[PDB]
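Omission of a single protein chain aside, the complex is shown with its protein chains in their original locations.
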Amino acid sequence: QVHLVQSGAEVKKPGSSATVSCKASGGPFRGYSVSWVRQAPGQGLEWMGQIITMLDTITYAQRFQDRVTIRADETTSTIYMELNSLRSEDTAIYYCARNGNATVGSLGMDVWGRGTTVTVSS
Amino acid sequence: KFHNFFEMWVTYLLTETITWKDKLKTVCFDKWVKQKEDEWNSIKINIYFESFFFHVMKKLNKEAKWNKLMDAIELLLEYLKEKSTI
Partner (left out) sequence: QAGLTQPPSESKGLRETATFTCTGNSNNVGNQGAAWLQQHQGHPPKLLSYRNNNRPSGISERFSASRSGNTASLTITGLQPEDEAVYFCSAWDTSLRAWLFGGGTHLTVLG
């Protein structure tokens, strides 16, 4: 029973940096493999990156290779986010969700966060 | 970090166990199992091994084999000995 609770929404400006953080609990911190998903309003989800919290292994998307960075903090059991180059159409609700159920042995976005809807504007 | 070394050793051990179970459809397996015993005693439940699932799929993306494969390290090493004798 792993629980993910999502931070509140933050209003940013173009060119600034956003930080979405959700803490996870319900087991050892070593066995967490949460991923960060972007869903712009009106169309479908878009996978951004993921972190496997065991050996600090992060895989980014091809189009977010040089933009997004993901890290983990084992003391507070939180997973962080960072978007260095915020642009006007980078407006979405951001989710964090593990990519599998280790008890069953399968990959799938099993438990999801509430969503941090970062809205860039002027 | 020594705990990162331990978890990388166990992850590599689980991946190599999956690959050896794949390779043997039925002598190098016996010399491999003893190769993962001098290591283990130089270092010296079921839930303990599920936290390694995601890191193992990172390098070996096979749900079926991981499920078929299933203190806890002595249990797995005893399983490896039993498989090597047969």
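Side notes on the structure shown:
Each chain carries a letter (A and B) given by its place in the written order, and its residues are counted from 1.
What we mean here is this: contacts are C-beta pairs under 8 Å (C-beta built on N, C-alpha and C of every residue); 3 or more make two chains touch, one makes a residue touch a chain.
The chain omitted from view is touched by exactly one of A:17, A:19, A:25 or A:59, namely A:59.
Considering the complete assembly, chain A touches the hidden chain via residues 35, 44-47, 50, 59, 61-62, 95, 97, 99-101, 104-110, 112-115. Considering the complete assembly, chain B touches the hidden chain via residues 61-64, 67.
Everything below uses one rule, namely that only the chains that are shown with their structure count from here on.
Separating the CA-averaged centres of chain A and chain B is a span of 31 Å. Those residues of chain B whose C-beta lies close enough to touch chain A in the complex are 4, 7-8, 11, 50-55, 57-58, 63, 66-67, 70.
Those residues of chain A that touch chain B in the shared complex are 27-28, 30-33, 52, 54-55, 57, 99-100, 102-103, 105-107.
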